[PDB]
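First comes one chain, alone, set out as structure tokens in the form solved without this ligand.
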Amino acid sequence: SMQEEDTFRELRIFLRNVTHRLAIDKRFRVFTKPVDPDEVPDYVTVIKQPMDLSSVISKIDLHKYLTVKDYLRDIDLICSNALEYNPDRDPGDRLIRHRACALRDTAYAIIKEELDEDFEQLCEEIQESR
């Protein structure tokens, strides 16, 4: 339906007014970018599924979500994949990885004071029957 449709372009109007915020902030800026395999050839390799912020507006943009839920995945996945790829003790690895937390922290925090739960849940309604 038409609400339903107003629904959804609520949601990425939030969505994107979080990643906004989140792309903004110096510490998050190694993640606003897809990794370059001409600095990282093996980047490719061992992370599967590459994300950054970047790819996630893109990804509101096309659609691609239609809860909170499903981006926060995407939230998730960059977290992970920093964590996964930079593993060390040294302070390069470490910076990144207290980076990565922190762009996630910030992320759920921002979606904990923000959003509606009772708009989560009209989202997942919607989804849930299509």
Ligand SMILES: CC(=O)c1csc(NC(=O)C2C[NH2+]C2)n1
The other form holds:
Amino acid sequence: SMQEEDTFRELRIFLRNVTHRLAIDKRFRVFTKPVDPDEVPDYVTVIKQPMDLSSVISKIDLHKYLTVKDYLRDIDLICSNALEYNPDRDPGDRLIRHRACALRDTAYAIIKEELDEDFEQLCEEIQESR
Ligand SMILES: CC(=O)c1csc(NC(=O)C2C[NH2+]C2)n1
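Structure of the form deposited with this ligand bound (previous: the form solved without this ligand):
Time for the whole complex; same chain goes first.
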């Protein structure tokens, strides 16, 4: 219905706004673009499902997210990929892991404060009806 299309459009506006606020944070720069195969050749072979904030924006615009739950699965993937690729005790790895957890924590905190629970429930019920 038109009301349901309006609901998903509001969802996309909300998700673009959250994603933009993450992408402009200097801490999260490393998560804003896919990994360069030239600088890091073994990334594509180690990380089977790469994810980054530019790809998240692309997926929003392709209508790939029908709920905030599905969006947070990709935020979680950005973070979990970073922890898996940088597991060592060296400061370079520890810095990226700290930033990855901060990205995840920040996304969840924005959503906890700004996502209306009844709006998410409506999205989920439309999704389940398709
Ligand atoms: C996106 C992501 O997780 C990523 C990009 S580079 C990297 N890790 C390194 O470059 C290692 C050298 N210090 C750690 N991780």
